[PDB]
Each structure stands twice: as structure tokens, then as C-alpha cells.
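The complex is shown incomplete by one protein chain, all other protein chains being positioned as in the whole.
Naming follows writing order (A and B), and every chain is counted from residue 1.
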């Protein structure tokens, strides 16, 4: 099979670890994927006179895959909602406690029917998200999922596997960036990085070969902010304890639709200006987001889409 | 000295740690080497007002060297026999227990007589072996050895150091149409990797700068198999518990002489088809070999040489 002809679809699960009766598989616009499963190994230490390798025994299997997707409007909304464990309300999303389990199907168009091109992964729950914003570079959102187990390859797709398509809105660009840092101050930051962690780990019991359930952890928001040393206001906020805020907006290709990420309470963990021989002096300022009561959360994503 | 004018000769030892009376040093066709000795250090911890470095003391020594050689017929047979710890029988070798110690002599041809070019190592025992098979790439067998101690450089070669030569048979290539994976199924694997370990470790006692003996460890045979995702049979064998077999034959060339490696019982530890950004989908399937009572061993090398 080749990476050129591949299709990926997902459906919200009503019962954990099972595909719905008529799965509404939805197309997932993406670039590269590593979704797969991992099986444990129980080695045998039986003594052998000829030192012959005794062998190993298989163990519980867990689906683990990382998918890379470009940020765009009318897309990745379910992924963000499930990851934030919240609900899209008034085009605004806040980190809450609403876990969502999905069933992802990997269909290899190039693979023939007899070759079983359908690979179904169930119990898949979004766990980690990586957001990177670089000037003149498409904004991409990497997604890490925790799946309970995978089904055997089969020629026939899941019964009633309706394949919904994904709106192909122009990918978001880094221009017209509303990068705010103070109460009303606009920062001169060049790149911006955001990481989201749900801390979802699996739980195995006697007589099971998969994670009956996945233990979610605390919602964690952190990131890295890089700017130029030309601005000296960023310097000091790290030296002296100061709680600033972060607020940036990704721009579409003049489509009139856009998002808005806001971190009301953050504190700088680092920040060091280095001569670095010749050339302009940069400034990397990693930060740690913390719970803010005004929004009853740590992060708030808002769609201003037209 | 330069690597161009370099040669290595080895002789089977009758008494461990000693060169035989009339060593039949045999030429070892090789590419590069890292064979040498390592001496431990015993630091001294004593308080000093001037805070001056107290000093460290030399400890036990261990000869450790890695030798890279291209796989070819009528060559490396003694290395394979010694490593496998078995004995060549009917052009077939199965992992045994018989341990063989050798004495390796490094002779820098460019180095002058007064410059002491001869380097002698005693107690050298083959510990590990790395076999890599790549398409349109010569098959090379890497060899790791464990020696007791290195003899001081001298001008005169060991008394009666007869220098036997090695048959310069054409290096084994990868152009074979025989790579078996099932009972009669021929696999479409692209590269194949095999690793062998003897778990040999040295033993130290009071009043001995060198290792008197080496406690041999369990015989270990494992490997990695990479193929194309086009074949879907291998896919799923990782997910389910299945014990397959591996059987591949390196081809010397037009001459009928060839080597046959067989692993009667293996199981796959991993396996993952990744779409990636673009291009074809590959498939890496690591495996671990296990004891098969039919051959009363883990691996069986067979020469079909004409």
C-alpha cells in the first residue's frame, strides 16, 4: 500500500469499546498517522542446559497512535471538544469533565478488497495535543489518542459505516495574529507553542487482554513562547514573579472565519537573552498555564467564524 | 601507521589464555576493527587542604574489540562454529555448548620492525554476531569478542606463527529468490536482520589483573524483519498469537556454494503500517526465536556449497 491512497474516518461511541450500530464515520483531514496497537511480552526464564531460548508470552494489547492534522475551520472541532472534555457552547469551549470515546477506521484505498484494507480501532480517546505557530508556516495540530484494542482486518466495512466528509476550509495561516500578552499590550512574539495533556492511562484486570477503562488525569496546559530581545518588557516578568496572560488568534485565508485561544493565567518559567556570536538576539520564554476562576477553567477556545 | 597496510591472524587455543606452541595463525578477511584492551580505574578519596587531585589506581583489564567482515563461503566458518558453540557436522551447524578460545594477532605491515607492529591478544572468545541483509548491498557479519588480556607489542612474531591464508571467495550477495516464512509460503520481505548473543561475561579474583575465566551466558537469537505493507498476511500475525518460522539463504554468486539460515520457531513482537506523509507503506516486524525440538536447537546454519 502507498500513503497516497488512504482514508481515515471516526464515529462517536455510545458504549465504550464498541462500534455503534450505524457508525457515522466522519472524514479526518490529516497529513501523517502512526495509529497502531502495542502487545506486552512475558518472557520465560526456564533454565535450559543447551541455553536454548525458551521464548516469550504475549500480553494485554493497547491501541496507541499519533495523527498530524493542519488547523482549519469547521474541522477538528469534535477533536478539540473531546480533548478539552467540554461542550461547544456559544462557539466557546472551556476545559471541563466530558470524556468522549470514538471508533477510528483506517481504510487503504490502494489495498484491494481481498487484501482487507479496513482497519477498525475502538475505544480511541484523545489524550495529547501539540499546537505550533510559526511565521509563514501553516499552523498544525498533532493529536495523540489512547485506544482500548483493534479489530482484525476485514473486507467488509462496519455494518452501516456511513462515511461523512470533512469541510475542506483553507488551512489557517500565521498572519493577522492577535497575539496579546498584557492587559492591553500586544506582544512582538515570533513563534508560539501550546501543549495540552489529559493524562489518560489504561487499566487492565485479570482475564482481560485490553484496557477495560482508561484512567484520565488532571487537564494540563503548558507552552513555549519565543520572541526577539528587542522588546525588553518580556525581560523581568521571569526575574520577578509576575502573572501575565496569553491570547492569540489564527487567521484563515481571508475566509472571514477564525478561532481564538486564551490563557487568562500564565507564569514565565524561563527566559534568557544570549549574544550567540553575531546575529539578532532571540528570547525563549516557556510558561505554565494555571486555573483561572473568571472563566472557570485554564483554557478557552472561541470561534469567531463568519 | 595507515589502515591500508593492516592484517589480522587467529589460532585456536589448546589452553585458555596462552598462545599454542606453533600457532597456525589464519588470515581473517575483514573491513574495519575496534579490538583493544580496557583497564578499570580505582580512584582515591582522601581530603586535601590544597584540594590537590589525590590520584587514581589502575584496576583489572579486559580485551574488547569489534570486527566487521563481509559474509563469504569457505570463510568465517570457524567464527560461526565457535560463536554457535556447536560443531560443524554434515555441513550443518546447530547451537551447542563446546566453547572455543582463540589468539588474534594484529600485524601493521606499514609499521617498521623496530616499531613493534605485532599485536597479540589471548583468550579471545566470540561473544556476539550481527547479520544484516539489504537489497543490492553486500551481506556483512559483525563480530564482538571478549579477550583475557593483550600481550605487549614486540618485533618478533609468536614462536612458529605460521600465517595461514583465507580463501577469497566472492562475498555473499542478497539476490536470492528464497525467503520462506510459512510452511511453504515465500515472503516478500525486503531487509532481514539477525543478532546472536552468548552472554559471555568475565570473572575476576584476588591477585589477578586479568580475567581467569568467562562464565558463558544463555544463547540468545533474535532479529528484525522489514517488508512492504502490500502483503497483508504478515499484518495481523503480530496482533494474534502465531508462531511462524524464518528461512533465508545468502547467495555467494554463480558458484553453487551458499549458506542457509533457518529459525524453525519464531513469533513477531511488533508490526506497524504507517501511511506517513507520502510514498509506499513499509512494515517492520521484529521477532524473537525460541527452542524447536525438531532440530534440538534455536538456529541451524547449513552449507549447500558446491
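Before moving on, here are some points about what is shown:
Just so it is clear, contacts are C-beta pairs under 8 Å (C-beta built on N, C-alpha and C of every residue); 3 or more make two chains touch, one makes a residue touch a chain.
Judged over the whole assembly, touch between the missing chain and the shown ones holds for A, B. Interface note: of B:56, B:201, B:205 or B:304, the residue touching the hidden chain in the full complex is B:56. Screening A:102, A:119 or A:238 against the full complex identifies A:238 as the residue touching the chain left out. Only one of the listed residues, B:24, B:92, B:116 or B:295, touches the absent chain: B:116.
The missing chain, though absent from the display, is touched by one residue of A:49, A:207, A:256 or A:276; that residue is A:276.
Checked against the full complex, the one of A:53, A:128 or A:298 touching the unshown chain is A:298. Listed for chain A, the residues touching the missing chain in the whole complex are 95-97, 216-221, 229-230, 232, 235-236, 238-241, 265, 267, 269-270, 272-281, 288-291, 296-298.
Residues 1-4, 6, 31-34, 36-39, 41, 48-56, 58, 108, 111, 115-116, 150, 152-153 of chain B touch the missing chain (whole complex, contact as defined above).
Methods note: only the chains that are shown with their structure count from here on.
Distance between chain A and chain B, defined via averaged C-alpha coordinates, is recorded as 44 Å.
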